[PDB]
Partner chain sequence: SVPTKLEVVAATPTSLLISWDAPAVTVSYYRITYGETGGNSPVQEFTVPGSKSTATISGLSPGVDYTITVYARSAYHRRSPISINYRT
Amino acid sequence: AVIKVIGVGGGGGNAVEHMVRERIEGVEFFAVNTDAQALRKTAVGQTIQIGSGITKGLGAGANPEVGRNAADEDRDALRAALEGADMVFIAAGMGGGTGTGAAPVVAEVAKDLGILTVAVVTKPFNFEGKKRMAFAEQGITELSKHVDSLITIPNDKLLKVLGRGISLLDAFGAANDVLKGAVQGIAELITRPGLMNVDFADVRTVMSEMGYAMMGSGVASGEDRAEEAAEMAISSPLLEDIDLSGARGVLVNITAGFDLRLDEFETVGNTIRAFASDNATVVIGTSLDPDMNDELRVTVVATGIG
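Show me the one chain in the form deposited with the partner chain bound?
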């Protein structure tokens, strides 16, 4: 399956800059912005400038309306770039102008081409103030009309795992890392499959036209790695706001080396199937990281959460 990752606005561009730097195997990177100078500044894959007629390349002025109008003016360039994809991840920091307003247009264009359309977006930190949070929530509502799955990562949740005395700059770096881990934790089922390989049609089944989603991850080493990593994922602060038995779909990626035991795959799946509703679509597969020894990662995406 052909996977494209598109950063929208400045935050989404910084996130994609990080994924390009740290690398996600098997995906193709793009960046969409109204700010032409920001587009050119760093390596973010191919660049797509939107709204040059109305913004003159000078940005959206933190105004979601301008981001929307900019993307509306350039649906043709968006469609031309998206064509050929089986799946697209749209990454954006919501609460500014371009991400908030242009991301739902990018998503609408992609949905129209029949692409499986997954948004991965952040809500701002509390310290960024009430108006940015309001803009973010309105843009997420607009976005939810035009995606297959919309994964929200609230930056306020990341606050509680940040080291003390952290710099303001490293706090945003951490947001990039979580977004990168989020895309990577879904994409690697496709691009680095292990033994229990997920068919892209089953990815589509658990993600297509599901609406809101959240994800959590766990990691563990040693004899109890499977139980420990699964429970850590389900206890994740990024998942704590939802009842997992309420999700209409659950996608699980177990990342392992070549030493996965049957009883470990059994354990992870039994734990998921216990907390998931009896009528949920449940897809569990494995991915391969050969540089692991006696350890495991479990990534859980709860989809269709309402």
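Under this definition, the rigid core comprises the largest set of C-alpha atoms superposing within 1.5 Å between the forms. Numbering follows the first chain given and starts at 1. First, how it differs from the form solved without the partner chain.
Once the rigid core is used as the reference frame, the Cα position of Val282 differs between the two forms by less than 2 Å. After superposition on the rigid core, the Cα atom of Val27 is displaced by less than 2 Å between the two forms. Core-superposed comparison between the two forms: CA of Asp263 displaced by 2 Å or more.
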Given for the second form:
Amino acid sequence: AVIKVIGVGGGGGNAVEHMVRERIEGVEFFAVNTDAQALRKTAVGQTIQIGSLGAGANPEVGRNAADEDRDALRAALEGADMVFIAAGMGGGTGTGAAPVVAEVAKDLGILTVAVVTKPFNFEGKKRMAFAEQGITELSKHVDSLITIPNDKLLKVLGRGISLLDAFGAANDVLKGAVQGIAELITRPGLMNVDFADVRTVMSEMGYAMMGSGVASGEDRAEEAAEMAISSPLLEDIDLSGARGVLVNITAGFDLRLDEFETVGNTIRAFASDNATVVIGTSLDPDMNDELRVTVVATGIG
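The form solved without the partner chain, contrasted with the form deposited with the partner chain bound above:
The next block holds one chain only.
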């Protein structure tokens, strides 16, 4: 199983570095950027410089830069069963280069999943608009596109929170989407899913969203699953309208087979009977009494 994770532009590079620091098991990390100094400071193993004033923040340099290096991108990606593309949309490199990265992955026939953010509203109308044109182009070359509007992450951390901390939160959610999907394959627990099942729920489906919950104690299965369903990242989504649902139960060695059934029944309660629902587990030996449920609805709208 060969899974590659590609951070594109500055924000995406910070995200995959965060995934590298905290470890996602069984995947290869790449950083793609035009800024050579950015890639030198990055702690990711594989880095791919693409491309030949106030012209870096323009998506078209990013697109042209990646069009000029398709063969370099193609060589990094080939041989992969699943590619994840991480980017903060809104800039010049991520917004322009990520859809080229995607098209290259999908023209090689790889299951291609985008996980990207929309900028905070304080970043200005211009970056909000850039981000939306870039997501539109991205959605044409990806099997699933998971969007994270950064403003939802204020819904749990308000305050006069640090700009450092706001973007650390976006790093964390990007990592949770990637790890929620990937480690169902690379780190299965008692109930393993097939790669075919993962393929069926993500493939040629369009818009997706992610939600997560964690819980402890005798009822952790029900409360973790219901916390995921009511995650603010899923607020405006009618889970009964999603054509696909992927569910990752992550626990330690103490996962009970009746807890898996309880997460399953609770998710299937809110899911349409005409959807593809896939419930799998992941084994994290250092989780002791905590149970994580991550829900990915695909094929929405």
